[PDB]
Amino acid sequence: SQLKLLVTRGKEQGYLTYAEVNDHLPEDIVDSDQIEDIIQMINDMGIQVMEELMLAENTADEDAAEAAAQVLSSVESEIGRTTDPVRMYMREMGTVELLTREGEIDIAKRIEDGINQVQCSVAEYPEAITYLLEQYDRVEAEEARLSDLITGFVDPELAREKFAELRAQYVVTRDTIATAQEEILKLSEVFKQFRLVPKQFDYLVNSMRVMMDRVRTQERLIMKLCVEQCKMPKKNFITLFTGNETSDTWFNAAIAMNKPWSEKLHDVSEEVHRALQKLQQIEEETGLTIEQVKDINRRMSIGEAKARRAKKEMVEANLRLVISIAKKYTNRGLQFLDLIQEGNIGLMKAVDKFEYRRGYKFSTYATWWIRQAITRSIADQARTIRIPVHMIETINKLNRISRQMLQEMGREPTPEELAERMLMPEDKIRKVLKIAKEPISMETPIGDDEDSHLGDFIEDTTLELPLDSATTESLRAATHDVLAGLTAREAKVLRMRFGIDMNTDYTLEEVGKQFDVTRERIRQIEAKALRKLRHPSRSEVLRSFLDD
Amino acid sequence: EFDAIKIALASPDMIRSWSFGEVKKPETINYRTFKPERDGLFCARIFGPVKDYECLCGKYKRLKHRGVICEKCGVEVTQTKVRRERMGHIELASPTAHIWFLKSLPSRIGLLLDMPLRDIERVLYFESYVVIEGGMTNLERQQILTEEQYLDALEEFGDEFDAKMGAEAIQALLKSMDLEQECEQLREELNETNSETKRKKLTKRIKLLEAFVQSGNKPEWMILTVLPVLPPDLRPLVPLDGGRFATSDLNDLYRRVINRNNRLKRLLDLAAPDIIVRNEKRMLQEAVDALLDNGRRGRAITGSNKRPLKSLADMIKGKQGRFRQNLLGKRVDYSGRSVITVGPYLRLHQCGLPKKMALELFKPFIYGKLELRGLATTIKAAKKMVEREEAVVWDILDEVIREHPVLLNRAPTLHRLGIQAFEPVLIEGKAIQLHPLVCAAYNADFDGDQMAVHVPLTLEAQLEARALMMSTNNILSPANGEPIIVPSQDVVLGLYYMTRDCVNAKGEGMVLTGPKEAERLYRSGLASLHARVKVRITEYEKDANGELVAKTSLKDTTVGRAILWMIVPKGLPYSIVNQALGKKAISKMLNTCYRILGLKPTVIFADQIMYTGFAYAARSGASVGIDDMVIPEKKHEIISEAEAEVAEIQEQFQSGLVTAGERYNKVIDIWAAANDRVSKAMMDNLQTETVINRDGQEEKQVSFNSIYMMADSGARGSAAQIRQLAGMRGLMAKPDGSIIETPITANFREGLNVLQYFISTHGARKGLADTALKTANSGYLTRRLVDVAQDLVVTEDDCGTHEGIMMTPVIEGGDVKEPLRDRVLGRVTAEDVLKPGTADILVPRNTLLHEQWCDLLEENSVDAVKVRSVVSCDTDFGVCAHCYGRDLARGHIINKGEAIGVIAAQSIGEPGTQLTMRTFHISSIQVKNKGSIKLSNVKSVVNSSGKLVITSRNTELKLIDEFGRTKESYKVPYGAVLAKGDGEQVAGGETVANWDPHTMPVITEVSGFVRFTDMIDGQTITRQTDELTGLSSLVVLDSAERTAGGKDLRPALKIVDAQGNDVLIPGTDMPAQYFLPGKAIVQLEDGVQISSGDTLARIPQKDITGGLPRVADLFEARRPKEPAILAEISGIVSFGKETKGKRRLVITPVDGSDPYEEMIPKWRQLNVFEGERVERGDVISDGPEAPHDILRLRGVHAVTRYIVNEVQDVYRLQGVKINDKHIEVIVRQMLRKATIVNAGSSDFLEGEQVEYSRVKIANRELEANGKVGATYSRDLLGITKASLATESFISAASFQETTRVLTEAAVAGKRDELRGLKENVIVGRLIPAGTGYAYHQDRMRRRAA
Amino acid sequence: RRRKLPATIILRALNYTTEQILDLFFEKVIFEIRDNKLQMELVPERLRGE
Ligand SMILES: [Zn+2]
Ligand SMILES: [Zn+2]
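If you're matching them up, the sequences are chains G, R and L in order. Residues 7 to 58, 65 to 166, 213 to 235, 243 to 613 in full-length UniProt numbering are what the first sequence lists, from first letter to last. Residues 16 to 937, 948 to 1126, 1132 to 1375 in full-length UniProt numbering are what the second sequence lists, from first letter to last. Using full-length UniProt numbering, read the third sequence as starting at 200 and increasing by one per residue.
Be aware that one or more of the hints could be misleading.
[What the hints assert, rightly or not] Derived DSSO-like pairs: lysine-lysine, alpha-carbon spacing no greater than 27 Å straight-line:
#1 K50/R - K502/G
#2 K502/G - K66/R
#3 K1072/R - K972/R
#4 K371/G - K179/R
#5 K414/G - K280/R
[Claimed, not checked] Beta-carbon label-pair distances, calculated as ranges:
#6 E139/G - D284/R: 26 to 32 Å
#7 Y679/R - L65/G: 24 to 30 Å
#8 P1022/R - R211/L: 53 to 59 Å
#9 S517/G - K216/R: 29 to 35 Å
#10 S86/G - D177/R: 22 to 28 Å
#11 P1022/R - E88/G: 49 to 55 Å
#12 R339/G - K219/R: 58 to 64 Å
#13 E139/G - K74/R: 44 to 50 Å
#14 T537/G - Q340/R: 33 to 39 Å
[What the hints assert, rightly or not] One-sided excerpt, in silico: chain G residues whose CB lies under 10 Å from chain L:
#15 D29
#16 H30
#17 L31
#18 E33
Hints were generated in silico from the structure; no laboratory data involved. Just so it is clear, CB atoms sit at the ideal spot from N, CA and C, and this is done for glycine as well.
Using the sequences and the hints, build the whole thing.
Take a look at the structure:
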């Protein structure tokens, strides 16, 4: 490469100027950032770069010299090597297709079917319909808000009768458990005309997920005990376990196999019988079989993944949209990529709330949600001392009525003038304009000789001066003296009543219990001692501690 | 309290154990009630309470609840100091590489996995994937894939293969990797394979693996899974005036990390589109790296006010960081500062301290003494009394002050005599009165300068100002024994005016009965201060064994010298005061007073000299007037002659006889000669012009011109400055050396018109600007030499070696420049040195050569003395007391615990302040005196002519008289025609040898016919036609223009007899033929005679740098560009393949590795023949010698002698004197590194650079054993690389790149046993150098009990 | 501060071909066959200091 001759040139001369670095660069290096990083490479190894008795020192090195030389030899071929976040993201966002010109409705139909598959999957579950009849009865028996179960449908009282009708249909479906299959299809087709509340639906889904997790955990307790500890064979356990799934022959008639592995599961025999009874018992706790609800939530997760794998595409396109929208606040005290990230999160938010039913184009509404979320995150995490969002709106309207009142009234706004033009009480506007200013950095370069900073002059208001600690130890010694000039009655009771040379100062009753006397005697004793201490010969030394 | 400082990585469990609680929200405080918001960056629940012993809500405020964790807000009731040590932790939901261990260059992450850097940073930012044990199918461990490669991998290779992305992948990679397995594979690849540099890098990686195993580090800790947040009171958010807070940038950086981490948690729990998740992980990584070291991966972010936010790495590193600016030098209590004035009434140990500046520095002592004496009841009454300045406080203060020294310190404390301890004297005013004699120590005048005062508080600290740092104990400069109590300018002129004489003054020639009567005559007004007179003075002499034998006599002196004699202490002679007493003589008088009478008599002599000088300078009334600059009346005719010659040259230039540059040079030469003429005229008019009458006619004496008296006494002035006042100003100079030809022919006494003044302002402003830098970059050399040579301490009274330096006078050119008494004074000899006839056992081995033994040495005229040096001392981690000699100032012998390294650096750097900041450049022997001839490399032949010719190469000839001492030294060429030859004692007026640079002879051994063998013209020789003599010449040339047929072949001149037999070279059976390289014209013919070394082949035909850069470069040990190659091995030489820039120079030893050969840059003038036996440690081509060359060839004493002589050349060029002990110490730190030639029984690597002291001790204890040690080879480094290698990472992080040092320490897991001066100062302990050295020895004895 | 292109590239960018460029920056020495093999057209001043 040519930069090799440049490094050896700098090492020959002992320096390297911006002219030679601009010459010897890879010609098509169009990236000023990697330019800066490669000059920082050639400098971070040493030689040092400049722009024009140069005897200071070398500073480095035989270890980092060949390191930076290796990095240079590699970077001579570093073609697509911007290597910064803001440009890497733009690359990987423009690289993806902008395949969105009213294909949004096709994506929406995909989501529509995928979200109805999860609907029918749950609605084929007996215990969930029991839960729904439960909540119809409770929500109409005043357990929650009267519409705390359903998001409308395709009316309090005819709806309650509708739900009684659904309850009758499902309870006869339960009554007629073959004969149960047709009645559960009745169940599914009769619930298929309804629509639940997404929060109740969410608990539904999470309960299905706990079903799945617990069934797979008992799967683990069955398998890992022998299929992972005794090394239970794979394909025979497959063709026997799944394929039977109910009877005692899968385990009880398999312990009688006497195979090289069936001579290994007599250990876990009673344990896998517990697992068998748990299988059949959880089938009760769900009402129907394990296989049924299992493939139910399986096809439901199929539909959910089908839905999610389209929100991905539209968030790709609309994230190009978000990088479009975000650029109006590049100087709002927030990073640009953080702006784009808040916009992306709001974009997912709007994608799950975008509707084709109004026939509205995607951009105008997703940009609504995106401007909302981006201004939200700006107001939230752009200032160290968080003022709430309404305070930011108030300071903004104050500023917007400030530029106006300046261009009109000539001179300047004022709290009198602003409380005039704005509807505030002339004093919270005071505190608002007190609040708006930013903390100056403690590393501000001060206008001094030593390159001093603002953090060097910030004094300390909590420290007690060593004249004020040696004016407390002197006081402790003085009080120990003046208390020594006293009976053990007064001395003990005063050290105890106050915190003198002791732990927590007790009240009168505690002092009395220590002295077996009632509180009024304690008060008389302490008053006696303070009287005795008030006169000189016991007061001159303490009093000099009072500069008042 | 605590032993060494251990360092390593931080386990995420260790970082969770440091923390007192997670930090989940980016909240600093509430905006109305400024209490910490949460559970945020400022939290009372994690980082302790925000007020002392006070819960946050207020439910718990009494001390009785001490320690409680309040039920409401869980804020542990405790001190608010607790808010300054508790740490938090942020829990990164995704891993995050430590930027220190990914950009450390070499990347520790990168070089551990052996995955190159760009691959790592390409898997990092999710640009690619990296397999991690991708099953038994296709791939390598660290095989990086592109995205689509991984996509197609998951198709054809579904599972049993796992490639991750991002920092998670690097974490899994480091985790799965097993260090001992790969280390074994590296063993196999290192010992089953031989590819030199590949195995160098291989073994470097191997050493890194073994270090990562030796330490407790695990490689998977280089990825931050858990991030600890600094305690809040280190990154505080403080209320300013106006409610606008002030925050350190670390709050910004912690907030940016915490928001991004919370958003990554959010997006992870939304199943977000994974490109957005990639962006969040990337941004969080960038945020953590801005937090750890901003501006280390990309561009600094940002800051909020358009300036790069500083991060923790910025908090440590940088000139304005934490290791440097409050760790090594900090602000200090009990200290003041004031304008210094003079106050000549002070004794040399005391200084005036203002009452107002003393009542503030001693307030603790005054409060204590008031409360003690009962004058004030308590500390508060005492404070009030001092606050109103009661009448008794001045007695209490005079009692506090009495024996309490204070440290006075000027701003640029270049040398250690810049912080001196004085006893204070409560003076009235607000200006410190500083004793005049000390101002040369401080380098301080009273043009407004200020000084800082400190109070040594404790007992042990205020006996060090009394015993070490006191003004009276320090009268000698540590850089050279000469007393720095030199009286400077009013004192030397008072003494010059006093101790002088006039040809006829009042009371001349009257016998006086002692100094007392002379003083009474002078005070009475009956006899002048300089009236020649006879006084009976009685002087003492203690050459007796301590006893002073007296002697009285009528000296013929003056009244001034008489009065001055009363001041001199007892045991000094009268000739010390019986001259005119300039400044040089005035400080020599003090040096003799010291070297006879110790310290206390000299200390009293100093202020006596000072008081009497000031007194008689004031008595003299020596003013200065405008008539005291008597311009010589011959100046006008000299300038007329100069203008005449210049006009002559201008006409000869207009005539076409000289170039323009030649006219410029001739004009400048004329004006320079005229300026020297006018200055000599003005000085001849000034110095002697006083003409007086003694008993008649007239007589001239030394002038009493006030300005001449200042110039001659040495108080102020020279000939140059008086010349500018009286003669002409001569030629100015533009800043770049361009001498102006229009010379200022005026002085300041007469006017300067506009043009001359404007001309002079050029050099004026250049000089001013140059000393505006030399003040700014004041002590950079002392800093660079206190970095390399800091931790040396005299730690042993004797190592007991026998190795030293053969110190002798620097007898160069003519008479010596530096005698033996200068350079052997104060050093202990290495071996018993006998007389030249040996006569006795003159000087024992370990006798400190003080003044008496130097007397002994230069009575016997001893010329060479072996004296122990510090670069040969056998001590470990230090220097023996005897291998350093006598210590200056204190002047007895260095006592163990001297920090000789700091002193050596300061003594090379304070004198260096007096040197030029720029680096500047500059037939028959005229042998001088009578003496004998001295031969080195004696191989000479007497021609038939009778004169001598050196048949050797480097024969050095010396003129050495009957003294035993060498008096002249000379380098003789290869066979000059010596009029005088070998051992021939001759006298002056007799040249020792004639020569000619157009004549370098190839003189032979024997006489005989010069046949021509191995000579065929057209291939090696050239046809030089004798148009000058009428013959033919075949001159020897190389293969430069002749073809390659016989190009390498040398033209052999066969010196044979008249019969035709090959006469041998007497000594070796190879006959007396010569193979000739070019540059030697041959005027012989084939079959022609020559006498005993007749002219066979004849070869036809002082700048010194001096700037302080010529000392930074002398010490930095670099390589010159004309590097004189030397003789690597003994034996004979062969020349081989030519015309390449490296002609083969083979060296066949006598009995060694005979095929030895090297390269020769054939642009060079090679100045040695091929038949002469090369001697090891000898030069071949002539040019500047390289230090590393000498160090590898002739020995450590060779390099030390070279470095010492070069630095002493540049120091003696400016007259600035510095001892050589200091440069030997800097060298001893310079060549601190050994290298392993043979591994041997030793246990270092093959070619490993190890600490020479380490290899020394190891192979020494093996030599005590039965096993062969390692054959080391001593390196030689520059100060800025000998300092780079330091044992303790604390000091190394102090003066180096901090991130590199702490990364290396963290990976290696170094343990810093604090045993250096620069480490202990940082950790607040006693330096193990001086007063605390006994303490550190007791600590080392307690440890390992 | 970009890379140092040669100095004739800008002369070419100004639509100067090589011939008038060399006519711009140089002088001219004339040779001709005046019956003896390209005689030189000598100038007095130009042969100074040679
Ligand atoms: Zn509380
Ligand atoms: Zn020693």
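(request) Using the Cβ atoms, figure out if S86/G sits within 22 to 28 Å of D177/R. (result) holds, 27 Å
(message) Hint validation: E33/G versus chain L, beta carbon distance must be below 10 Å. Holds or violated?
(response) This hint holds: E33/G lies near chain L, its Cβ roughly 7 Å from the closest one there, short of 10 Å.
(request) Given the range 26 to 32 Å, decide if the beta-carbon distance of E139/G to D284/R lies inside it. (result) About 27 Å separates the Cβ atoms of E139/G and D284/R, which means 26 to 32 Å holds.
(message) Assuming the hint says 49 to 55 Å, is it satisfied by the Cβ distance from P1022/R to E88/G or not?
(response) Holds - the Cβ-Cβ distance for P1022/R and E88/G, about 52 Å, lies within 49 to 55 Å.
(request) Below or equal to 27 Å on CA atoms is what counts here, so check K1072/R against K972/R. (result) violated, 37 Å
(message) Tell me if the beta carbons of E139/G and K74/R are separated by a distance inside 44 to 50 Å.
(response) Once the Cβ atoms are compared, 48 Å apart, the range 44 to 50 Å for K74/R and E139/G holds.
(message) Can you tell me whether the CB distance of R339/G to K219/R sits inside 58 to 64 Å?
(response) holds, 60 Å
(request) Classify the hint on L31/G as holds or violated, based on whether any CB of chain L lies nearer than 10 Å to its CB. (result) holds, 8 Å
(request) Classify the hint on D29/G as holds or violated, based on whether any CB of chain L lies nearer than 10 Å to its CB. (result) holds, 5 Å
(message) Against the range 29 to 35 Å, how does the distance between the Cβ atoms of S517/G and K216/R compare: consistent or not?
(response) At roughly 46 Å between Cβ atoms, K216/R and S517/G fall outside 29 to 35 Å, so the hint is violated.
(request) Compare the distance between the alpha carbons of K50/R and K502/G with 27 Å, and conclude whether the hinted pair is satisfied. (result) holds, 18 Å
(request) Mind checking the alpha carbons of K502/G and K66/R for me, to see if they're no more than 27 Å apart? (result) The given pair, whose Cα atoms are some 26 Å apart, holds under the 27 Å limit.
Hints 3, 9 from the earlier list are contradicted by this structure; the remaining hints agree with it.
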